[PDB]
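What follows is one chain in structure tokens, specifically the form deposited in one PDB entry.
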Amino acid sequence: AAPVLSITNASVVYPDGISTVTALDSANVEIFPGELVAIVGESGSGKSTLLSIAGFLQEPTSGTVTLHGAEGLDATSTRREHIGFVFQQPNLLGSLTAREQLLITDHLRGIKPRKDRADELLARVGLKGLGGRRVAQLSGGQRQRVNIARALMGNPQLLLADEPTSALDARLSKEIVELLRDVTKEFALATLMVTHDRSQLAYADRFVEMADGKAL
């Protein structure tokens, strides 16, 4: 009965080289707890720009973005306490082990790292017992799975997935979406998922299509 994210009439203008370019154009999106919302469109239509706005990775050049429950907080503090990121690249920190890639979020948040929680979440992603693996002992899918688990470590209310099936085959990409939706449902997460594989809309509750920076 209360939305988590609201992007009202937002636009982004990057300085593209010597000139400027309108990346996002009057974007309007609102996600509620337990929703899986896809954002479809070709590469360069403004999908990533909208995602990065939804994660406070850059303020819109015009229009407002409100994450309710984090009102009155700077952009960085907003990401740390309310948003989990599932980057397009697993972005596992080389020198850390599977379990340590959850724990460092606890540390950057200023709390005694919770080992048991990390093992449960790794098991919740089907890596049970693999807490000790290093990045070299993780397959393509497994790293993406460790990535998801890390997004879940701070128990956010906004889960942002940036084409997290881009380097995985047909089988593995199904699993990540099934996992993403299943977790979205179990923990009442509001999730944006950018995707170009329209075969994955079937697992999203809804979707936005985007073209030339305007959402439809």
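If you superpose the two forms and keep the largest set of C-alpha atoms that fall within 1.5 Å, you have the rigid core. Positions refer to the first chain, counted from 1. What changes on going to the form deposited in another entry:
Once the rigid core is used as the reference frame, the Cα position of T78 differs between these two forms by less than 2 Å. Fitting the two forms on the rigid core leaves the C-alpha of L108 displaced by under 2 angstroms between these two forms.
Hinge motion between these two forms is captured by two rigid parts, the smaller swinging by 15° against the larger on C-alpha superposition.
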Given for the second form:
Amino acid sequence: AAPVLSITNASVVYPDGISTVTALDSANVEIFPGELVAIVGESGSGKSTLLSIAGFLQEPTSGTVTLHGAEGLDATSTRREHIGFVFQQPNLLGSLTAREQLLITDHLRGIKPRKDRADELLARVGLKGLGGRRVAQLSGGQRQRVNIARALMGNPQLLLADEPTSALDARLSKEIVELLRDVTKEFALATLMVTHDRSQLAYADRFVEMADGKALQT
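Switch from the form deposited in one PDB entry, shown above, to the form deposited in another entry and output its structure.
One chain, no partners, no other molecules: that is all that follows.
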């Protein structure tokens, strides 16, 4: 079984005026289909930085990231067709309704929006009947799950979830990570999921713990 994603010896270095900050240092990550790999570590250890290059949001300053079955494609087309993002902040577009937050991903991927697909995914994250809400009429956790539902709207092979339960109560956060692994298993997805709720490791096949930008021995 070939990996879906290979992060081979990757680093990110930002300039801090005179000095420089090494957000990520020599990351080596490889994930295969049907795997859900959790990512643990303290605030500021590099968890989102790892997903940012995993998701082709930026090229690494050293080393390479390869999504196979998408080599020979630019970063943008790779994200559009093969990756789903659950950003740390909800990142909802201001003028759309919850339902349309999902529909627009169909639009940018060049297919006619499927209206029924969206209310099902909205129902799955516990938001039935809230499809008409605007971002202002949604709570911090409700926004987060609109964020979540939007990531499952396409047919990616790589799912990147960045603390997707931060704004969720104990009961709902557990259903979200059951949701995430279930789709991981059903569609042979490669999923990385950052979380501070270490109880959730039970739903992960492996996990990477991180400190000061480095992955540690596990």
